[PDB]
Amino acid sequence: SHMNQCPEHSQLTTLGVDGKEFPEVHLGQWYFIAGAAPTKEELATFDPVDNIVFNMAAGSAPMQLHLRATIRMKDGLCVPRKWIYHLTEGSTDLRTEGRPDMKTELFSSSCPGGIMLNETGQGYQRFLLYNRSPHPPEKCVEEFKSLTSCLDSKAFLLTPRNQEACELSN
């Protein structure tokens, strides 16, 4: 029996020589590229968004990362966000304090310079695609849509990225 798998994708792992290269390898800037979810409503929050730039930094205490983002809305306005992720020994999963109920799984990406998140939470799930480049190859994005659709997240949103990034700070 055959023809019943989704394209190859793997969860990031802290295993193997170079395992403790997580998280330092992923620090720095990222751009939001696309989302996919079981329903359009799980992506609705992104509909007035033109682009988002993020900066991930080492935290102010041991197992913690500082995330900063500025959202360019389609109306030109810039909205800054900030939060803290918590890391756990031997895992690449992210947890944020609101709430203990949600987790974020990290997956490797066919996009060079890309990463995919799988966000799980109360009554919802969505897949989120980021890249170091604000303009990764269209093929990367097609592959993310094809993968997420195979995983039954068929509602898809591509961020337009027509306008300049808002300023962030590193």
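Rigid core: the largest C-alpha set superposing within 1.5 Å between the two forms. Residue numbers count along the first chain shown, from 1. What changes on going to the form deposited in another entry:
Relative to the superposed rigid core, the position of the CA of residue 99 differs between the two forms by 2 Å or more.
Here residue 90 counts as shifted, since its C-alpha moves by at least 2 Å between the two forms after the core is aligned.
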Given for the second form:
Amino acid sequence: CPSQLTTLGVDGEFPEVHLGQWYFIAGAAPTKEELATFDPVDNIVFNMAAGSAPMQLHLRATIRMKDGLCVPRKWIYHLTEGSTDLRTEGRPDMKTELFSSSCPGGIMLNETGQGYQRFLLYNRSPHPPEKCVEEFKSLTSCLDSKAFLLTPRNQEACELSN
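Go ahead and give the structure of the form deposited in another entry, now that the form deposited in one PDB entry is out.
No partners, no molecules, just the chain.
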């Protein structure tokens, strides 16, 4: 260990490049309780799009549960003025920071809320090379987030409109 943690900033375009679909690959956190929300998940496809009011972004997803069910979700994020952090509507305690990852099609989030933090790994590919997952696990372990979750991604993605 020692960060090679590299921030992606939107205070400085980031939006246009990151539009479209992303897959949830893995999470890491100080303990398992703060990842357990993902235990029933087989896979998740997300779609990010521009918002319709200043500083807003639309995030949509469909979650494939391990029991085969498809569950639509949506959130509205807000870019904090003069900051690299994002807020999420309806969750006043929550903050998200974005980081580059070792793999080309990847992106890493750190989420914090009341009492917890977690790192979350996404990729443009639903099945990125195993090296991407390993590098994520190593980076986060060194940052003291040693509890780990890998999404199994054994089922098909659910439908999510463009």
